[PDB]
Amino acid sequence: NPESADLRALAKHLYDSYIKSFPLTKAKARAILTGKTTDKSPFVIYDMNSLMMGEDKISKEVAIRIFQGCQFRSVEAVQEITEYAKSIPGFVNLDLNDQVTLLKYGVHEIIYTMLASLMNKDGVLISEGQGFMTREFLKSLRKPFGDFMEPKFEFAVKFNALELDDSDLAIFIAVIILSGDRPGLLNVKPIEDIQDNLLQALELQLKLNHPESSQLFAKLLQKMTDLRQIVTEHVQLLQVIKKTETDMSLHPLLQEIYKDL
């Protein structure tokens, strides 16, 4: 019926621009990870030598070198997410400062939601899925660097259990961006009206897409406490790095997001 239709229409619209804005979807990710024939097997990096062997395609010192990598990829993700946000009906019509504020707080929560897509209990796709880097290798890195990925993996395992597909996530990450309770928002109300609409998009999306799945909407919403969790941990992890590795550069775009989080 006409309300549903309007919401389904919204669902399709977001799935479509989500596909357009993100080169490594979950569907691709799982094909690579599970061993399907639509895609290519990843090289696997499980230790120092394979790191060195993987290098050739796919300089300070390993742990820092890997870390810098995750960060540069973060910046790209920020761009990806920024382009996607623009496609969210009403988003570019907001106060410019709120648009900025929504992204400042939004992108990390979204980065880790989608990073889940690239993860299973044993490791994570890198270099656009050409690589795979195992959780143990990471966890093995010289502290404090052995610690930046574990909390991600932890969330990812819980979260991947919900069994969401890209078309569920497209709406979910829209919901995240359009969070009216962000620090310093000028006009909360129009932000809430859009989110009210996205939420309704999601509630229907989940019920149609996952009908046997009880209270998935509620369960998916509850997952945001985990996101903020790992997001704050990360910035604590960074305050420490900055403190001990004063020769390690940090990207300005990322310095902007990190400040006063």
The other form holds:
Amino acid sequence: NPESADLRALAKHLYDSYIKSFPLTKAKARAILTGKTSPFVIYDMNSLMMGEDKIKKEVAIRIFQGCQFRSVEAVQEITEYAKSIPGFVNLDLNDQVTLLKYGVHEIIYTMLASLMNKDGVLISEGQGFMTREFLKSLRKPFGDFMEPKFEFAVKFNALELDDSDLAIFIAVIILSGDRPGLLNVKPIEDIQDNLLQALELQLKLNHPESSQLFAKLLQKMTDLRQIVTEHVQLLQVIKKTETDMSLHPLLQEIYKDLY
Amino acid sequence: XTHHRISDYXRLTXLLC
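Moving from the form deposited without its partner chain, what structure would you give for the form solved in complex with its partner chain?
Let's see the whole complex now, leading with the same chain.
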């Protein structure tokens, strides 16, 4: 019960910190996508054109770079969140850097799911919606860059997690003892073990009807690793065909010798 | 603060530290 209390207090701390760290939450995204509050819809080139006035070189490059710029803002928010996870800033600084390098894209994809449905994605802080079909229409090699993310999101969203759940799950992901090059695995696994028990208790309290949710969520962590792998490869291709396209230097730091 | 790979992580270190 004092442990129970501690675990609930940890869940609460992380939820509070998540809210502070991430302006566009799942609750906020769901309210927008279901009308409880509509986004300008971009479904083709003409609507993209009309969209540029209403909300905020070649189109496919502009959209891809838009995705990168949004990722950069997510890295910032995730880094702030990570600093609030009890124990994190007390780790070896080399290890903190390794945990962020490998963790940030997995979190990006997790949280991107909140903004997605099977037909498209919220953009521009919820002021626009870009259709999946439109993102598939872009020229090679950009035609498919979002499809792995959509596929993940549709499956992930079927678990009906809320932000209080997500706050604990993303903490678990960052505190992964199996990242390459970690110097002190045991303190990381110790923190993750607390987070995992917090997660288990949260899901039991918050999703009593979902009998195997904890196990299902652990599997998603593994799935996240593959989208990242596939994304980095996709970037290799693009770095080949598109030598003139500037990449974002923060992302270059993250991607350098990643996998 | 400083760390072994800082010279390759100016921007990330800016955020973390």
